[PDB]
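Partial complex: the chains shown occupy the same locations as in the complete assembly.
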Amino acid sequence: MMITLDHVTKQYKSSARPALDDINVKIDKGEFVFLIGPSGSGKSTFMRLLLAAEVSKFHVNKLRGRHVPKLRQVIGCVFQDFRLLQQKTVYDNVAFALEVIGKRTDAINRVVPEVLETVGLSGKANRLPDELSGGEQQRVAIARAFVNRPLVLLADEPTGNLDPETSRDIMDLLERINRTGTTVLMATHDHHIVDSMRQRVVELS
Amino acid sequence: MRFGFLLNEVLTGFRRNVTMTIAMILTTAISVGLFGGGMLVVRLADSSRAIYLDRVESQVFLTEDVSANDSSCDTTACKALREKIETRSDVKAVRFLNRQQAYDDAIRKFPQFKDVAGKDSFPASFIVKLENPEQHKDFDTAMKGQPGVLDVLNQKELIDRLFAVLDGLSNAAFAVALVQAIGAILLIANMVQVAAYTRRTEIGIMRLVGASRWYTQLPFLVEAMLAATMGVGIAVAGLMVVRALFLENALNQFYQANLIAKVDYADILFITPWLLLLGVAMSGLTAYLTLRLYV
């Protein structure tokens, strides 16, 4: 019930359009939400305001340089260009984010072999670390967000540029992650989403 | 651990980009080396006071026998020369000196004659300045012809030209140094920019998962500061080799002709504590501020 924005309106770079209007939505723990797709608008707007704008122990009003990094560790994000480099191996590419927080040297490796099979990567983990196909990019992108134990993760347009028969499995794997104790927020301008969970939502633009 | 988790990827910054780093080395080396060249001549000009007189006097040499008695003198001829030289129409203040300190420092003022230097070969000084520098020849014409003195030694506009052109480079090397120094400052602002353009995925991922106050700018600050230190090191090495290769052949005779008192390649190491912090602040504080502008 802490994840709730009420009467919050902002515009993209002070545009004349209202952009993100006063949309009142309340998200409880493990409450799946998609994007209603307001005529296919700019989905970078009204999605990136949950952190570093212009969610558990702090609201969206207490802003400071020592307040953003602590509450930025309880939230993850999934992007579109996957932010995966060919200059570092895939087994350690997911492990890059661990030392940014800072843990022990042996503490890094005690969690990788129980998180790299949740999305499924044991068949493709070390060989071909540079020449990596586009199929496992989304798998390593999702696994980058699960190295911690976040509450909410942002996943905007994760279908990429590929056929839907190999895109439905991402939603299929993300469906069984929701009842583990985390909240998944979805953001895509695609149809046949209402036939997945069959729950009535609101329509605000 | 605490000094190794940060040391592992900063070398990959030099490995991934080998051209911009050597640009900062070769440009920061001039902003420190040319400044050191301009500081050495200042520390040489003030050290050239031990063998030169200051802005205006007229050294006069007198006969030894009237100064060979007592400490100063015993006759009335010295007193008569004193009261004649005290007024001298235009001037008002004179200096009376004896032969005790006329030998002065025999290892610095006359290092070429530190052995054969008697205490009686130096007579009394009787030095006096002039109210203006344009009447030196008139005073030398007026002083000569009076019996009891040997010769008059002037030190202005015959020897002081080389001191005038010595300090001329002090306000000339600093100008050329400070013209390109601001370019060396601003280059450090875009060092982090070139590092961010060459490496945006790592900084973006670190900002996405969350970074502390000192999490990801520390490799940029270390890559600036160690480059500044290496630039200072190659700067003082280049200054040493250019001095010992192109300046010793011109300063040996000048030390031999007793025109520069000190001249040594040891004041370079005596100012490097004074020089290293100016090399790293202009590359470190600029990098620490430009990352606030960038991210």
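We just call them A and B in the order they show up, numbering each chain from 1.
Assume a residue touches a chain if its C-beta (ideal position, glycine included) is under 8 Å from a C-beta of that chain, and two chains touch if they have at least 3 such contacts.
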item	value
Full complex expressed as chain labels with copy numbers, beyond the one copy shown	A x2, B x2
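By definition in this document, only the chains that are shown with their structure count from here on.
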item	value
Chain A-chain B separation of Cα centroids, rounded to whole Å	62
Residues on chain A engaged by chain B in the complex (per definition of touch)	65-66, 69, 72-73, 76-77, 79, 83-85, 87, 96-97, 99-102, 105, 144, 148
Of chain B, residues touching chain A in the complex	1, 5, 16, 201-202, 204-206, 208-213, 215-216
